[PDB]
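J.: Between the sequences and the hints, there should be enough to build the whole structure, so can you do that?
Number of protein chains: 2
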Amino acid sequence: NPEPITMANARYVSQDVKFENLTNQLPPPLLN
Amino acid sequence: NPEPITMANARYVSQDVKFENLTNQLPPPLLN
Ligand SMILES: *[C@@H]1O[C@H](CO)[C@@H](O[C@@H]2O[C@H](CO)[C@@H](O)[C@H](O)[C@H]2NC(C)=O)[C@H](O)[C@H]1NC(C)=O
Ligand SMILES: *[C@@H]1O[C@H](CO)[C@@H](O)[C@H](O)[C@H]1NC(C)=O
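Note that the protein sequences, when read in sequence, are chains A and B.
Residues in the first sequence are numbered consecutively from 1191, following the UniProt record's numbering.
Residues in the second sequence are numbered consecutively from 1191, following the UniProt record's numbering.
It is possible that part of the hints are untrue.
Listed next, with one range per pair, are the computed distances between beta-carbon atoms [to be verified]: (1) A:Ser1204 with B:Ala1200: 31 to 39 Å; (2) B:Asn1191 with A:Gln1215: 42 to 50 Å; (3) B:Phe1209 with A:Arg1201: 19 to 27 Å; (4) A:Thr1213 with B:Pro1192: 40 to 48 Å; (5) A:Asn1199 with B:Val1207: 34 to 42 Å; (6) B:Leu1220 with A:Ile1195: 15 to 23 Å.
Derived from the structure by calculation, the hints contain no laboratory data.
C-beta atoms are modelled at their ideal positions from N, C-alpha and C, and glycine is treated no differently.
T.: Listed below in structure tokens is the structure:
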């Protein structure tokens, strides 16, 4: 059941090269 | 031991119909 990525389902983690380098349409936890 | 609600004891969760809808004297996590 796709839901918006918010702080309720995301935690901050360190940099990993296997992650995704989002450049546009970022989720709220990755803004400002 | 009643203590103020803060990030030390409050964890963000998704919306649910069984939670209290608050309008006055909000905890700091729910402000702004
Ligand atoms: C996201 O960007 C980082 C850094 O720009 C990429 O990490 C690089 O990965 C290549 C291939 O393994 C390495 O040769 C580089 O040394 C890495 N750079 C750094 C700074 O560690 C990463 O691959 C990118 N991820 C995606 C999915 O594109
Ligand atoms: C809180 O508000 C939502 C939306 O109006 C409602 O569905 C829910 O029953 C309410 N819950 C309480 C405890 O007031």
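J.: Hint by hint, note whether the structure agrees.
T.: We went through each hint and held it up to the structure:
1. Between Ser1204 (chain A) and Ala1200 (chain B), the C-beta spacing of about 24 Å breaks the proposed range 31 to 39 Å.
2. The given range of 42 to 50 Å is respected by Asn1191 (chain B) and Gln1215 (chain A), whose C-beta atoms sit roughly 45 Å from each other.
3. For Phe1209 (chain B) and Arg1201 (chain A), the Cβ-Cβ distance of about 21 Å falls inside the hinted range of 19 to 27 Å, so the restraint holds.
4. A beta carbon spacing of about 46 Å between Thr1213 (chain A) and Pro1192 (chain B) agrees with the range 40 to 48 Å that was offered as a hint.
5. A C-beta distance of roughly 18 Å is found between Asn1199 (chain A) and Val1207 (chain B), which places it outside the suggested range of 34 to 42 Å.
6. In this structure the supplied range 15 to 23 Å holds for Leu1220 (chain B) paired with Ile1195 (chain A), their Cβ-Cβ distance being about 20 Å.
The structure does not agree with the numbered hints 1, 5 stated previously, though it agrees with the rest.
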